[PDB]
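*Asks:* The primary structure of each chain is shown beneath.
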Amino acid sequence: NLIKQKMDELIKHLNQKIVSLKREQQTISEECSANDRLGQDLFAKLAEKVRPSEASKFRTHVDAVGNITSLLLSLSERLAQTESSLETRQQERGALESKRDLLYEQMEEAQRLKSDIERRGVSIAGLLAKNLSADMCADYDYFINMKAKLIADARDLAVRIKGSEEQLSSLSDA
Amino acid sequence: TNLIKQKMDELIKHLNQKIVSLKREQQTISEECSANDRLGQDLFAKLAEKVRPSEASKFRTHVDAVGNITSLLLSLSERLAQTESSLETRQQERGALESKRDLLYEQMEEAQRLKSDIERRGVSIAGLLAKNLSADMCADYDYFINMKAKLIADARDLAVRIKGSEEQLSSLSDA
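Sequence lines, in order, name chains B and A.
Each residue of the first sequence is one higher than the one before, counting from 1397 in the deposited numbering.
Each residue of the second sequence is one higher than the one before, counting from 1396 in the deposited numbering.
Hint data in this document are derived by calculation from the structure and do not stem from the laboratory.
Wrong hints could be hidden among the right ones.
Said to hold, decoys possible - Straight-line distance between alpha carbons at most 30 Å, and here's what the computed DSSO-like set of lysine-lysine pairs gives:
(1) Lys1445/A <-> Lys1402/B
(2) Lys1545/B <-> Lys1453/A
(3) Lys1510/A <-> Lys1526/B
(4) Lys1510/A <-> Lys1545/B
(5) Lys1441/B <-> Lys1510/A
(6) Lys1558/A <-> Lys1408/B
Given the sequences, and given the hints that come with them, work out the whole structure.
*Replies:* Take a look at the structure:
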């Protein structure tokens, strides 16, 4: 509601900006044509006095100046871009490393907890053995182990499914 | 009929098929869990009959804890894996970018050599004009060449800024 309100504004200001930039670049273009005319006059007057090869060399020097200027600027820009992207990658990597630290601590905690649960499980086995038939006990063992196993399998299938769904989405989208 | 389109359709159809089958197997597992769980319930009924309430509660709690911790460890190992596979990528991307940077650096050194050569050649040209042209003409030439360079620079700048503004505009044309 109010987001389109701001967005329209931004888009507008930005269009105005781009139009201005266009204008300025036009001005510069004109100045370029003028200066080129100057160079043309120069080359004519020099073409009068000197040998053809010398005039040619003059011309190629004049072109070369512009060329190497544009080249240097281009490489400068590209370099800058690359630097920027690298820095970005670095920040991202830092974030990921932190996330990893966290995951790890949580894992250690989870392990501690699992050990605890294992001992408790010893206790439970004790309780069942003291209160239920051998059959019922073997049945419990089977039950608990199968519970774990089934959870595992289920998560595996959940993952495979999820991922494959991602793949599909990406393909179909193309 | 275009091959690639065809192969793609075949591909996504395969994906659909296997997704269906996977859903199937998943349902199977689901029902299994149902059964095994009924088993649990029966066990607990028995024990509950033969034992004090707190002990039955401990049993229940342990039975729940096994499952919960299984799940937790599983999801943690998963998240961990994904994280490491993200790192492995942020590695290769970085390496590639760095190679590109190398190339750009070599190109820059080269281009600098070039600028130097063009410079000395420019000295010679200056000599030529000196010999054949009036001082006014030579001054005019120095001006012209300087202004050429400056104008190229400014035009470059404007071109870049325009490009950027356009990037922003277009990217905002979506949201």
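*Asks:* Against this structure, judge whether each hint is valid.
*Replies:* Do the hints match the structure? See the list:
| no. | hint | in the structure |
| --- | --- | --- |
| 1 | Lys1445/A <-> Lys1402/B | 70 Å, violated |
| 2 | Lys1545/B <-> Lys1453/A | 22 Å, holds |
| 3 | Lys1510/A <-> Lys1526/B | 93 Å, violated |
| 4 | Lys1510/A <-> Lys1545/B | 71 Å, violated |
| 5 | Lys1441/B <-> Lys1510/A | 27 Å, holds |
| 6 | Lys1558/A <-> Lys1408/B | 17 Å, holds |
Checked against the numbered hints above, the structure violates hints 1, 3, 4; every other hint is satisfied.
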